[PDB]
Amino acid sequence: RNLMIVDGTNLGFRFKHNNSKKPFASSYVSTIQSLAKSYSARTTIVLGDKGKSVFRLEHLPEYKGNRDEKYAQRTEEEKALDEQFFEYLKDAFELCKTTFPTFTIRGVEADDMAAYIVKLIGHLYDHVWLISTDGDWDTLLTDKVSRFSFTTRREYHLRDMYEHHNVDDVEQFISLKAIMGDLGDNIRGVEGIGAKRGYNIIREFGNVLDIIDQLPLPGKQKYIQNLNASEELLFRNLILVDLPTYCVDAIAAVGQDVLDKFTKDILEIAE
């Protein structure tokens, strides 16, 4: 029997993209019942997001400050549609409450909880299935932990780290994010360095903490020059992207008590 951790808000947004008018709460859970059946999910855990990441906002005050700007310039109809979605989502998460253990810790991101659960109980199962279209969740991939994106109807395994992410492992994917950047979450990257360039640098010099040791790096390229002055940016981004290493801190940032209850609840389910 396997473990299934769903990315609630993420799946919800997929139901929005398919249709912004029609409610989805019913299909949502049913779809999750189908997936659990297929992946012999003996245990199923639904997780959604609730608020900005307290842990991230600390190391980067402007973290995700771009998604706010986008809502500021939305018309009445747009903000309306947006509000609808979030309503239908709240309903969707309520429906789940009747079938699957659901969780929402305001101030903690979903990936932070999924990563904490994976660590905490991942060993109690034969496999762990992450249900998300978000490839950032691929930082949890192991030979016993895999992801499944509906948008592509494809499942992603560790061996697929290069084709899908331009890197070779979980540590390189973290270093690439920290070096490259992440527009979607509004995280500044080394100006001039992208996926292909970032990889090559990593392949030749190693992970971030290894590249910091070697700065300045040889080369007369501007991105190689920009790199040599991003040390501060690198240390920062690394914390924001290194999910498996900072997930316990990310949750504890909202209370040594909230972390305790969530720990108790998980194991109280994986038993």
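Each form is matched to the other, and the largest set of C-alpha atoms that superpose within 1.5 Å is called the rigid core. Numbering follows the first chain given and starts at 1. Compared with the form deposited in another entry:
Among the candidates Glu77, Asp126, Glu163, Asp143, displacement between the two forms reaches 2 angstroms at the C-alpha for one position only, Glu77 (superposition on the rigid core).
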Second form
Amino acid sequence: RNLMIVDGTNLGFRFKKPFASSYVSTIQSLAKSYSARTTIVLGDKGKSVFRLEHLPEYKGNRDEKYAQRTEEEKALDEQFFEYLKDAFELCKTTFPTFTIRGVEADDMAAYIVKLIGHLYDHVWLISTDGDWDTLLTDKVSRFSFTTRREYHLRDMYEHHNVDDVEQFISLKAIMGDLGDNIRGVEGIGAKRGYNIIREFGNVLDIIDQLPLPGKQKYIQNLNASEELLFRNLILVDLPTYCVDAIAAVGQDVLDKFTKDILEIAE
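Would you mind generating the form deposited in another entry now that we have the form deposited in one PDB entry?
Chain alone follows, minus partners and molecules.
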């Protein structure tokens, strides 16, 4: 009776020897565990056109690390990606399996939840990515193979130091993301960020009130950061921008994906 959506490239890193059969078996076990009536496997192909258009430096740190690999280190990664390609090929014989050049799996997942989540009792997201918790609701949860935790909306403070999704999204916008090369406001950690949000509202409401009262240096920093906050919200507000992120590579591509997903449902 549930929907299960797999962050498939993310799951691939469990194995990072062909692993296609093992990969598919894992997904089957998961589908059983989570009573999945429907399982959809997603993968990352290329780079996020939507986010690179807004921030050319997006994941630039990761690109730099890839560029500094030796030829032999690179060849090994290519092998992993070949085995992963084979895993997706095999997976496609068994489950609906999607990749879209220039679109992050994150955006595809967010869109699926919005489009068909209402037809299922519960939605289970299979991802180690905390970013995916921007999708949590009373009927959408996440499972992580690295931490072994099941992530629920009711436990958002335990996991993310905020009480709800709106706050989570705003906190990410304020703090940025070191891993993905998104700059944050200097001097604002999770505590101060949560406190700011609880006082002034979400990031859009914060922007509307700049400059905010307060003599502390982090407030002065925040007051100077209108542009950064607005841009960051676009980069991190996965539910708001998922449709735009897909449409970035062509409206026709989005239309095909919609058609494909609606076919799977029902």
